[PDB]
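Novice: Below are the chains, spelled out letter by letter.
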Amino acid sequence: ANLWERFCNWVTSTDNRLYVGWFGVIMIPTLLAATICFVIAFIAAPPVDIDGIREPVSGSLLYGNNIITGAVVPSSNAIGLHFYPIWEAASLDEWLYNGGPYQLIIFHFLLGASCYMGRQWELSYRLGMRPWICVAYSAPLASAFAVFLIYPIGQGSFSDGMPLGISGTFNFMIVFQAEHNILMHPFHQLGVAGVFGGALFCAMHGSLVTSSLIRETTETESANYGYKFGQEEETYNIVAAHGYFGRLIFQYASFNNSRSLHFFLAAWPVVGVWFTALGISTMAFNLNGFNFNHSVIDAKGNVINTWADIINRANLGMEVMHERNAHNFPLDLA
Amino acid sequence: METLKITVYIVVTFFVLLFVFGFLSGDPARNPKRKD
Amino acid sequence: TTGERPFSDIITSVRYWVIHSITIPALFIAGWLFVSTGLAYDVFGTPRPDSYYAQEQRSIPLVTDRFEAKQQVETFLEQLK
Amino acid sequence: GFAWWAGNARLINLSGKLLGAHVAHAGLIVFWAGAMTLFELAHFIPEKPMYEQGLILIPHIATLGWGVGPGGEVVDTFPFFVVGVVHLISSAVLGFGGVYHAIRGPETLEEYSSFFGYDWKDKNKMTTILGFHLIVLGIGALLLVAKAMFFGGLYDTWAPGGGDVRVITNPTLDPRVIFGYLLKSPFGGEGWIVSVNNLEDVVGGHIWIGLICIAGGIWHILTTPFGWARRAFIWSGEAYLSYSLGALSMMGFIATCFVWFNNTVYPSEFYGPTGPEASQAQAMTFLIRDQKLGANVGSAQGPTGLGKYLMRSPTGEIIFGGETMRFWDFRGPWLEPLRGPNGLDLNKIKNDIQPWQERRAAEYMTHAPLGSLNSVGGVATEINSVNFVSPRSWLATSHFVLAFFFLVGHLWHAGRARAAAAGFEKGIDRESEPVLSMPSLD
Amino acid sequence: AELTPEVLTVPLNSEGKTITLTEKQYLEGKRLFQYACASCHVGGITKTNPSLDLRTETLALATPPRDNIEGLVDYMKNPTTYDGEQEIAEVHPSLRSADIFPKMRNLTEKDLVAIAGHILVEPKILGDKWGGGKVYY
Amino acid sequence: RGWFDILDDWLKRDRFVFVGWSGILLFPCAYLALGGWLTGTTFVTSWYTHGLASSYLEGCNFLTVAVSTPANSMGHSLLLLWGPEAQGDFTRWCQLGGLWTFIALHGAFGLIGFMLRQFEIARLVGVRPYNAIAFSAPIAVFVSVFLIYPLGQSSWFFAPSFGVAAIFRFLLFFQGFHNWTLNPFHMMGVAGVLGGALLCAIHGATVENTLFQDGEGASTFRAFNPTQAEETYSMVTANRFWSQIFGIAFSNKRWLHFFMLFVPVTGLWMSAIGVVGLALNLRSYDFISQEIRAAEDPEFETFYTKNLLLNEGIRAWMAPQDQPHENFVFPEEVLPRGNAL
Amino acid sequence: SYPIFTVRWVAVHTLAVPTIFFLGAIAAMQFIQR
Ligand code: CLA
Ligand code: CLA
Ligand code: CLA
Ligand code: CLA
Ligand code: CLA
Ligand SMILES: CC1=C(/C=C/C(C)=C/C=C/C(C)=C/C=C/C=C(C)/C=C/C=C(C)/C=C/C2=C(C)CCCC2(C)C)C(C)(C)CCC1
Ligand SMILES: CC1=C(/C=C/C(C)=C/C=C/C(C)=C/C=C/C=C(C)/C=C/C=C(C)/C=C/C2=C(C)CCCC2(C)C)C(C)(C)CCC1
Ligand code: OEY
Ligand SMILES: [Cl-]
Ligand SMILES: [Cl-]
Ligand SMILES: [Fe+2]
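Chains as they are written, first to last, in the authors' numbering: chain A, 11 to 344; chain I, 1 to 36; chain E, 4 to 84; chain C, 32 to 473; chain V, 1 to 137; chain D, 12 to 352; chain F, 12 to 45.
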């Protein structure tokens, strides 16, 4: 009945339409700050000197951008990894030119999304659930940390953090490939397997359950009305699902235990995506994709090109053109 | 700017202490089954 | 469950390993020889380390004709002989 | 109740077999320290910088002052051998206690002696075990102080004259300095504790931590947890493991940044230059090359309008130009002679650059921590030739990976510990589903 | 194509005398060049002064001529600037500067020849790629 | 009781690997596409079609090995072994790219066979044929990329080559030449593949953490029985959880699993359509309004203009070695390059 | 009483026989020198 205790009970109430929780106490303000700044900058921020060379890139809609080309532009390379809050600028005009909004948005977002993951733990405890859904979300969350925080740290600049834009994203993945040969990096190859594989097993499992739905309806109505929310019996025939799938391949490559099947569904993309997040996080320290440039030579010592060499010619074209005005010296060491 | 900086320092400290004290207030006991 | 002999029971059987302790190295040696003798180069037309360019050549012997292509690579191969 | 694949969870309430697990695993750790060191020495070639050679353990020994003299010149390899042997030998003793306690000793300890036995829920016994280990840790940190002050010193990359081993006679005791580090921003130009740039502060902080750890060790032997701590924590073996997994994760992230940025307790002589260091070294290299040809590097406007060789930082310091503008917070013993109070001094640059600085810059620029997974050095478009990945890239990436999974491990075990404590870790009770007795949201 | 004696045959001195390396010497030189030199001279370029490369035409025009075994072995002993006017042992690996360039300490006299040999043969095999840079990768 | 029926009987026997009528198309074609790829990647070069080494025999590794496309001078020749190009000579056939068409065509008929298998077994077991339907997405991708794309181009040469690094090169070609990342059909595909991986993870995790306690052990896998009628996890608790965390949740298991079919299948179908556009160089390369502004206003710069410079570097730097039949000679001075690099 | 030769037998050896042969060829290759 005490004031603090009644507050505590409202924060942790399982009766709020949206759960707040103690993690929510930090998430809500920070996601609101990041969302509100993001929306306003995307529409109306003036151009930002991403690469510190007094060459501002225009990222917002009112400055001639569309949904596809617009972005919140990363802060100035002149700032590197220095903290640049609003109150460190002589004025908002300076803060805008140097890319201040990017920093505000990413720090609040990373914080708020971290608390999002904790909030998933918390409500699961309040509801008497097992606790590990948050572990599934750590795979996307790690990915966001890698491109917004870890890769700048290792490279020394939020200017090389991933842009908050559709085409900005593409600019980031093109430069990454030329500086790190990410395609030839095995952790990225595991991400692709995690993502291709994840979409495959999504399709498989959805098609396998859907194929074995038990007839509960007529042809004039959605089969979906054959399931009623909360019903105790299962709504498909898993043995029929197993009997089709086991024969499509062979018996023992098919799951007859739904718990093992669903845990496999969880782990495959989560682990692939951990690796591909690890990939970005370790290429942040410049431990790059396999390099087989000129690895095949003939008896005389002529180079016999492979597909790795052709890839290298593409990487080279990306390297020499990216940030065409920023380099004064012959090696792009960061 | 300094007014802004003080304000943000205050707002952040407030929320961080809600968090610290909220979890210090018998959080393990707020579950549906078994409370200590 | 379908009436074939279980795999577990086969690869612990003495009879199985009696055959496959011969069949498995024979095939491994077989494939080795395919390479060590040079037969694989000749069957597949794959260049040897010494036959990608002629000595002072740095031209790829690239096929450039559809119906005369057979004759082209034949010419490129004599340009080594 | 645990399957084979979670079988080590069967040791949770078997204190004797679990002791053997820990001690045998501690032997594995000491084994690898020993074996790896001896492998590195077997392969070591003294004429070659360590960082051309794949070495991660020899550099840690050299840094304590053994086997090296001025400049990191390796003078004596025997200390390296000794360290390997004693570690390798000591792991047999730990191996021996390990397999003994794990297979033959008493499964559970608490019936043998009431001293070594424990129950995870015995909050007093647990803080006592904690305290003993705190005192041990405190002792260890003072061992470092003893080596620095009484048994030969430490390698000091900053020592005047190119670096050398030096005895630390005046460790920083001022807590404004020691704990000042703990309150610096972790952002650029500040860098939290990673910026520690002199051995006085390193030795001094290890005095503090040793004393703090001993003090706290005695505290926890002597006390029991207060009620506010009793009510905020989960008291169980898994819960304690989860607490430590989080701490290990945090520490691994710190070490990653340490080895990537700090060139004081990871001297560049041994580990290779930092990313920032190498990037600054390239600007230095061409500044030197161009000035010798007659360029006036102070007045040379680059394509963008900014200085081609020199510009200002956002606070005005004179700094190296080009993309390396981002690395102006870098400080290294080969560079600081050129720095005045406005940053790089143009008159020192014109007149006072020494051949050893030209050499060091050329070397560090060509040994930047960039490399493929198969150890082809340089940018990713470089051809094969140079077999090189920097020790710092190997050390940063490995420990980022490890730190990350330990965080996952912390979430895994912390969540489980909570649910096991409340009694729903194995699933929902069908006859008592909490949500079915809650009001509908809408 | 293969590593024939014609290719392994390189000028010894500026008189015009020639010397024919063995395949052994050539692979010796390549190994040694990777050990002592490639960190700056991978592919016949010079990362720390890209204006000066190891193409034979460049060496030929150096003072003293360096397009021959003698000139190159001498360079490794007492390196000079391209015009011959100053000795640069202080900042270039050399036997004369092996106290400060420790990798040169175990180079023997025939190692120098193998290295100089590698440098002269490689342009004959690789052509423009040697000393050409990334354009030719 | 005629022969046709007897064969039906034998084809449809329950055995460790079911055969079926569809087995007659599937098994030979799948075995041959697969064996063609392992034969080519182990032993066959690309020297005469591409100027590349591409087998283990030649010194390549798993990442760089490939069965490469035929020379551009072959056009869209079937390159039959007995056709006018190879003239029955196995060796020349290998050297001219014959294994590329062998794999691609046998692969195509294998894929058909595999989808006929899904139809055949589903009918025999008595389930709905939604797993076959789903499989239409892989088919659409394969035909669009490996068949339609190069049939719109000058030759098979510009199809993907069957190898790891060769496909990586195919990705980068499409960036530089088609600006494929800018294409809204690729974008819908990305959202379907990533959306699908999300669904896969979020659904598996939700079931594993809304489980009912149906056994005493700490391994919860033991406590399921494939013939139990009861759901093994709580949809109710799952729904309340996600409703409170995310705001919306599934309430209908049927719709949920149909959505899981729908999302990745559609994404793949959308990307197929876009690659059909690229068969004709029908690209979403540019935004006209941006180019007109940037031509007139040299201070105007976006990530869109930045990325085209990158495409321009790619084209000029990879084209001569990637299209050897064009004999592109770009002297140094014409290559696009920024400062210093 | 189990058959020895089955459809299964055949599918197994269809794949396994050339695998080993191919592994042996790929083994020889690690010793090829230019
Ligand atoms: C201090 C570290 C530590 C300790 C003591 C434990 C202890 C425990 N964990 Mg935890 N765990 C940790 C870290 C730790 N964990 C981390 C960092 C993670 C995240 C990855 C986890 C994730 C985790 C899960 C998901 C689970 C546990 C479980 C458990 C329990 C049983 C584990 C078992 O039998 O494993 C048996 C060991 C194996 C099956 C072998 C795994 C081998 C790994 C995956 C391969 C690594 C190979 C290497 C990288 C390269 C190979 C090279 C090649 C040449 C071989 C036990 C209480 C289980 C539990 O909750 O029970 C209470 C459980 O389900 N752990
Ligand atoms: C650091 C690694 C590590 C360690 C130290 C342990 C330790 C232990 N495990 Mg775990 N475990 C591990 C990894 C590890 N495990 C992994 C990776 C898995 C997944 C495969 C498991 C799965 C697992 C299961 C499923 C079970 C255990 C159990 C046990 C305990 C009893 C083992 C026993 O009686 O075996 C007896 C084994 C033998 C008699 C065989 C010989 C083994 C010896 C020690 C080999 C050492 C050789 C060495 C070279 C000798 C040097 C001697 C010299 C020092 C004097 C023991 C404390 C058991 C347990 O908790 O029981 C209650 C149990 O049921 N473990
Ligand atoms: C932290 C590790 C650890 C812990 C907690 C224990 C705990 C225990 N052991 Mg195990 N043991 C260990 C390590 C450990 N041991 C190792 C490494 C070995 C192999 C050398 C053994 C071999 C061993 C045997 C053979 C036996 C035990 C027994 C016992 C029990 C009685 C101990 C006693 O009264 O001894 C009396 C205590 C002493 C004589 C004091 C010893 C002081 C040591 C030698 C110095 C410590 C200094 C420092 C910590 C070492 C570091 C030096 C190095 C870094 C250079 C007890 C539960 C007994 C048992 O359980 O029987 C059923 C038993 O028979 N232990
Ligand atoms: C291995 C290290 C270790 C561990 C695991 C513990 C564990 C414990 N300590 Mg002991 N303690 C230690 C070392 C350790 N201690 C040492 C060395 C000392 C001497 C200084 C003490 C002194 C001490 C006292 C005086 C007390 C404890 C108490 C406790 C209990 C409550 C802990 C708690 O609530 O912390 C959680 C901490 C908080 C809720 C507040 C901490 C806020 C910090 C500043 C956050 C900073 C994190 C940030 C991201 C990192 C940057 C650091 C920043 C300073 C720059 C617990 C059993 C309490 C108890 O019950 O004792 C009987 C108690 O009153 N400890
Ligand atoms: C059964 C499945 C199957 C299918 C669908 C294919 C399909 C194909 N194969 Mg593959 N092939 C198969 C099995 C299969 N093959 C087997 C088992 C082998 C191993 C011997 C091969 C070996 C093989 C090679 C070596 C090649 C192909 C090629 C081809 C392609 C061209 C085939 C063609 O032109 O047919 C033409 C023939 C027909 C369509 C037959 C029609 C039959 C009619 C209806 C009956 C005619 C009766 C006769 C005229 C009357 C008697 C005459 C009188 C004297 C009495 C095509 C994609 C070629 C290819 O991929 O090119 C790149 C190629 O080079 N196949
Ligand atoms: C040595 C050295 C030094 C020093 C150091 C030091 C002195 C440090 C310290 C450190 C420290 C001083 C640390 C601390 C830490 C802490 C922490 C890390 C914390 C944590 C916390 C937590 C975790 C909590 C949580 C919670 C909450 C919040 C609520 C309720 C629940 C709980 C309790 C869970 C120097 C740098 C000079 C130099 C070099 C060397
Ligand atoms: C083309 C042709 C043909 C056919 C052919 C064939 C059909 C073949 C087959 C082939 C095959 C059938 C082959 C196989 C191969 C195999 C391989 C070569 C394998 C390998 C593998 C491996 C190496 C593995 C390993 C591993 C790893 C690496 C990791 C993980 C684990 C494991 C163990 C998996 C004919 C006659 C009609 C004629 C025309 C042409
Ligand atoms: O890749 Mn290329 O490297 Ca990482 O910096 Mn140097 O150039 Mn620029 O700032 Mn963004 O980008
Ligand atoms: Cl760019
Ligand atoms: Cl630059
Ligand atoms: Fe499902």
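A portion of the hints provided could be inaccurate.
As the list claims (entries may be wrong) - Think about it this way: if two alpha-carbon atoms lie no more than 20 Å apart in a straight line, the pair counts; the simulated EDC-like pairs of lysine to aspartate or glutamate are:
#1 C:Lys152 with I:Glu2
#2 I:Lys33 with C:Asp460
#3 V:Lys47 with C:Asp321
#4 V:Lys103 with C:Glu71
#5 V:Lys103 with C:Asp321
#6 I:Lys35 with A:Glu15
#7 C:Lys323 with C:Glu269
#8 I:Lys35 with A:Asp25
#9 V:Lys124 with E:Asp68
#10 C:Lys79 with V:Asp111
#11 V:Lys124 with E:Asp53
#12 I:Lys5 with A:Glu104
Stated by the list, open to error - If you want the ones that stay clear, here's a sample from chain E, every Cβ over 12 Å from chain F, calculated:
#13 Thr5
#14 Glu7
#15 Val17
#16 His23
#17 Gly34
#18 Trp35
#19 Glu59
#20 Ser62
#21 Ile63
#22 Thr67
#23 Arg69
#24 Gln74
#25 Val76
#26 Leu80
Think of the hints as simulated: they come from the structure by calculation, not from any bench. Idealized CB from N, CA, C, for every residue including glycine.
Novice: For each hint, tell me whether it holds in the structure or not.
Specialist: Each hint, compared with the structure:
no.: 1; hint: C:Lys152 with I:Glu2; verdict: violated, 50 Å
no.: 2; hint: I:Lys33 with C:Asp460; verdict: holds, 10 Å
no.: 3; hint: V:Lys47 with C:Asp321; verdict: holds, 14 Å
no.: 4; hint: V:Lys103 with C:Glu71; verdict: holds, 19 Å
no.: 5; hint: V:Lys103 with C:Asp321; verdict: violated, 27 Å
no.: 6; hint: I:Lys35 with A:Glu15; verdict: holds, 16 Å
no.: 7; hint: C:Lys323 with C:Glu269; verdict: violated, 65 Å
no.: 8; hint: I:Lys35 with A:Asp25; verdict: holds, 19 Å
no.: 9; hint: V:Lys124 with E:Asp68; verdict: violated, 32 Å
no.: 10; hint: C:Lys79 with V:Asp111; verdict: holds, 17 Å
no.: 11; hint: V:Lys124 with E:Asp53; verdict: holds, 16 Å
no.: 12; hint: I:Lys5 with A:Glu104; verdict: holds, 17 Å
no.: 13; hint: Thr5; verdict: violated, 8 Å
no.: 14; hint: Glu7; verdict: violated, 5 Å
no.: 15; hint: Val17; verdict: holds, 15 Å
no.: 16; hint: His23; verdict: violated, 10 Å
no.: 17; hint: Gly34; verdict: violated, 3 Å
no.: 18; hint: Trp35; verdict: violated, 4 Å
no.: 19; hint: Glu59; verdict: holds, 18 Å
no.: 20; hint: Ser62; verdict: holds, 20 Å
no.: 21; hint: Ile63; verdict: holds, 18 Å
no.: 22; hint: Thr67; verdict: holds, 28 Å
no.: 23; hint: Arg69; verdict: holds, 32 Å
no.: 24; hint: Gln74; verdict: holds, 29 Å
no.: 25; hint: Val76; verdict: holds, 22 Å
no.: 26; hint: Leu80; verdict: holds, 19 Å
The structure fails to meet hints 1, 5, 7, 9, 13, 14, 16, 17 and 18 from the earlier list, while all remaining hints are met.
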